[PDB]
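Each chain, letter by letter, is given below.
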Amino acid sequence: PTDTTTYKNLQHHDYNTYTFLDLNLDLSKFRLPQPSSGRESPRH
Amino acid sequence: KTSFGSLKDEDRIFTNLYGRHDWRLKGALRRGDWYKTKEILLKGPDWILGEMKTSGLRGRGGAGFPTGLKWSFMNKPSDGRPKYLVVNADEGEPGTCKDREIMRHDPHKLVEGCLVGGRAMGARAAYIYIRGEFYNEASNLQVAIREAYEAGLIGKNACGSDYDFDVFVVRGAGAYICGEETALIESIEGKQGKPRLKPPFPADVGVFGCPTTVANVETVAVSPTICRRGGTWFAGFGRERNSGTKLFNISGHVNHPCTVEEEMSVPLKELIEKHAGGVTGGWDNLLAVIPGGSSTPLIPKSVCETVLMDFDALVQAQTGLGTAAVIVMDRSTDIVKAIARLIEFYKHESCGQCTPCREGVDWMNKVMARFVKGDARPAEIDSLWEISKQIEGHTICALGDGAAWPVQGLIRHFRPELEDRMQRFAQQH
Amino acid sequence: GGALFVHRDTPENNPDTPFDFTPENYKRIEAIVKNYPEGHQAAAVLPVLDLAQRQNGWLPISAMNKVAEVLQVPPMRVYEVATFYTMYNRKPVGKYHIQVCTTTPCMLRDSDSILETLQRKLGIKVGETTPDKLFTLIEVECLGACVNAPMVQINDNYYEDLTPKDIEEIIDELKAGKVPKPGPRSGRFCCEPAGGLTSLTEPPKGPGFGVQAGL
Amino acid sequence: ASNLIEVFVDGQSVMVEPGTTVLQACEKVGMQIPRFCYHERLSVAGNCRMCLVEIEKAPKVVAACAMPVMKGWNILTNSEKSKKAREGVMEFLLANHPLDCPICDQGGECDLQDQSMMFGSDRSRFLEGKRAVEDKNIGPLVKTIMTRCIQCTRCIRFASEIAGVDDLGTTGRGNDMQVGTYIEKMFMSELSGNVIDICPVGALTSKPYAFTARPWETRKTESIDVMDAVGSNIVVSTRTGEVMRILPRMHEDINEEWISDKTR
Ligand SMILES: Cc1cc2nc3c(=O)[nH]c(=O)nc-3n(C[C@H](O)[C@H](O)[C@H](O)COP(=O)(O)O)c2cc1C
Ligand code: SF4
Ligand code: SF4
Ligand code: SF4
Ligand code: FES
Ligand code: FES
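Residue numbers (the entry's author numbering), protein chains in the order written: chain s, 26 to 69; chain F, 9 to 437; chain E, 3 to 217; chain G, 5 to 268.
One or more hints might be untrue.
A few chain G residues that don't get close to chain E, going by computed Cβ distances all over 12 angstroms [said to hold, decoys possible]:
| # | residue |
| --- | --- |
| 1 | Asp14 |
| 2 | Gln16 |
| 3 | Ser17 |
| 4 | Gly23 |
| 5 | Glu31 |
| 6 | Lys61 |
| 7 | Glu113 |
| 8 | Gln119 |
| 9 | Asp232 |
| 10 | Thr244 |
| 11 | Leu251 |
| 12 | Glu260 |
| 13 | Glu261 |
| 14 | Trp262 |
| 15 | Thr267 |
Each computed DSSO-like pair below joins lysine-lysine, with the alpha-carbon atoms no more than 30 angstroms apart [claimed, not checked]:
| # | chain 1 | residue 1 | chain 2 | residue 2 |
| --- | --- | --- | --- | --- |
| 16 | G | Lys224 | G | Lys211 |
| 17 | G | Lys88 | F | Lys397 |
| 18 | F | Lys9 | E | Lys207 |
| 19 | E | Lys180 | E | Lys135 |
| 20 | E | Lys207 | F | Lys282 |
| 21 | F | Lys34 | s | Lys54 |
| 22 | F | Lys397 | G | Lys85 |
| 23 | F | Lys46 | F | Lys34 |
| 24 | E | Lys93 | F | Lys199 |
| 25 | G | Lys85 | F | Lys374 |
| 26 | F | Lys374 | E | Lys93 |
| 27 | F | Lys46 | s | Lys54 |
| 28 | F | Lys34 | E | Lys207 |
| 29 | F | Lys345 | E | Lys167 |
| 30 | F | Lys78 | G | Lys61 |
| 31 | G | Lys189 | E | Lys68 |
| 32 | G | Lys87 | F | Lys374 |
Restraint-style ranges between C-beta atoms, simulated for each label pair [what the hints assert, rightly or not]:
| # | chain 1 | residue 1 | chain 2 | residue 2 | range |
| --- | --- | --- | --- | --- | --- |
| 33 | E | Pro17 | F | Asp212 | 38 to 44 angstroms |
| 34 | E | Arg10 | G | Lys87 | 41 to 47 angstroms |
| 35 | F | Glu47 | s | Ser62 | 34 to 40 angstroms |
| 36 | G | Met35 | E | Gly4 | 46 to 52 angstroms |
| 37 | G | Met190 | E | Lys29 | 37 to 43 angstroms |
| 38 | G | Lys87 | E | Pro94 | 50 to 56 angstroms |
| 39 | E | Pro17 | G | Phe12 | 54 to 60 angstroms |
| 40 | s | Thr42 | F | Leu77 | 40 to 46 angstroms |
These aren't lab readings, by the way, just hints derived from the structure by calculation.
Just so you know, even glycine gets a beta-carbon here, dropped at the ideal spot from N, CA and C.
For reference, chain s alone in the conformation it holds in the complex:
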């Protein structure tokens, strides 16, 4: 059971200017070995 009379997405009132990127950083810990073409770049 719950209230069902309010709004449970009131955390976005507290997001900083750098939330998305701090989250991506903290997330890197779980990321997986990335593929590799076989080069550093197309050498543009």
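Use these hints to put chains F, E and G with the ligands onto chain s, whose structure you have.
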């Protein structure tokens, strides 16, 4: 079989659509998400595609393409290249907010759908290209992804399946053309949001020059609930070739605008009056309606009554469903002005790499401003029609079709208004 | 016009303009680049450039050149991106950039009233800044808030379903050092109808419900 | 037999290797499809959409510059749909094109003129105001007048793929897309004067040869270069006993279509 109108909450698929329950993992598990995904994964991918097919699920991006066949163009042997899945969240189509609602109020469904479709296609990760104006939504999404990585539902052993899967989010920097399968990919790759041609097809060579399958938020968010409850259940909703529970967004000149899920092939008049509070003044004051987004032709009150809000009926009504963003106009509107603002929007959001849109859309915007003023002669309406038809099927993408269609609708149902404006301008001189 | 798509050097915007990333921004950049394959690191251009924009507030030419240097890309491949995408600010903007939606889903619902009330309260025009360098008003296209219209976006936050009184409140608050609550200014909290919940007022069924057998 | 496949061009049949495009086949039967962006030595780009043809029993038109050819396809080069597509694309190209032909060094040798006379209409229903673009300054060799750019991207693809500079691009989007650099920068490589040759619309022109003549006057003498030891093939245009310019020739073994600035 008939009267596809009402839909019970037992069958509603986006339960936290209004931010009434916790959007985090506790509410997701408590509502039916991340349940049995292990068995869904240990089942073969061909079974997931069989479900997507026997469900009749058609994409919601704006074009009515069956997923199962789309996602089955990608169920091939690998050639030593990583396969990917790109989720389209760049809902810049006027009148459309459903994807925002999903992203911010039930993102674990989107994540689970990423994982399911990834196992279906053979993918290695899910790139969720999200609009850049949606910073809070993307942050909620990354929070959900962190929760999932912590719980072990995505990553090295996704739910205990031997299948390893990542989920990346990507912001877009505010462009509507980046919503196309291909310009989306170019943006991700770092280049401008300039679409590429077909062939090649994203399944053969797509993002990072690898196989790819682009899909809308709603599609993937639905996929696990289909695989879990059954496609036949999803196919009992709506008509034969078009089936499912579709999100709706009712905006403009309506007293209670809202977002809703319903049975497809529903009567539009019901969809409005029952869920919204009907047009501001009453059905009689309804001038015209845009059934889908801005990329869909108008239809006037006459046919808006007996029209079923699905793909095929709207096609037979000389319009289309698109994203199902019902824009309503009453008799107090300079409809010419609304369509001209739509053309100005398409003029701003054009990428500019193929001549027809680049030039003719600005051409049509100028002509439409002139029609608003009435400085034109009624012999120019057929010129504008011919211009639209020269733009329609001669472009790299659909944005040209989307810029040409509302003009065709305006001229197909509201020509006398334009001629009367011209007559008044001639009298004023 | 205002969006010229050319760059003529000035004392404020030249290659020698003093831009550089912070040691935190560099680690965020490393992570971003890690979000893409090893051979394809020229795909971080957009996030790294928006990051620089966040740090500096806007984007001078030196910023793009440094982004390129970091990613080892040609700087023209970054000029193209910056010019193409509109979220990237190549002129200094105010503390609070106000993007008003004026497409038909919002226009229909009297958006020009809000545009005017902002033109007056602030003492600026449709595309100017303030002497205080705090406000900046512009017209933009659908922001995915078509149902909670009218609406405006102020530095990564939305303010929806508002009116002249509400926007006046928001502006009186931003001029006092406060940051208001993003969301509809009417009773509704989100896209839910105003009268009352007409779709999902029941409780949700919860786990194992509707599940097909043989799975 | 050796992976070839049968294909038709207005009935006439021709066997083409796989991956071959509609354009290359129509050429293999002697037909030249219009073009503003395909150059036979540069990455494909389906921008101008002037290569549009209809395929028998197909609803829409394909870009012959980029669509590979499939078995049994019949390609209708001179049908109503193709003609009307060309006419529309010409209307669009000339909508914002400046009335500069009599001050454009490209007059008489402009692909836009000839393709408008051979594939487009003879009228303008544009009753609006054109645009204009502030000209660049990329050096003393190439004169830039960008009101005449039809945004074909040849200059960009050439600089990137053949010269290796990667300093040219497209700034902006929409109808206000400005090809060129974003900053003042001299584009002085040793294969720079060929961008003049591949720009069909006089936006990029030789500053030396500026205004000095017109193509019909010139008499064209086939000779070779001597500045280097490669033996680049060239055409020497003369006008009343006077060298007016040096223009390359085609030799797939030496100088396919290029020459150095020192040579020209
Ligand atoms: C100009 C343009 C904008 C588009 N915007 C979107 C969009 O915002 N969201 C979307 O899901 N599809 C959009 N599409 C449709 C894309 O083709 C989309 O990636 C694809 O249809 C999604 O697959 P689905 O419809 O099978 O889910 C757009 C297409 C065009 C031409
Ligand atoms: S139609 Fe417009 S947006 Fe689409 S590819 Fe052509 S120029 Fe770009
Ligand atoms: S400047 Fe010339 S070569 Fe370059 S894109 Fe324009 S028309 Fe093509
Ligand atoms: S490029 Fe061709 S059509 Fe344009 S002004 Fe020069 S000669 Fe005339
Ligand atoms: S039209 Fe204004 S948010 Fe969509
Ligand atoms: S020749 Fe095909 S689009 Fe230009």
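Worksheet item: What hints, given by number in increasing order, does this structure fail?
Response: none
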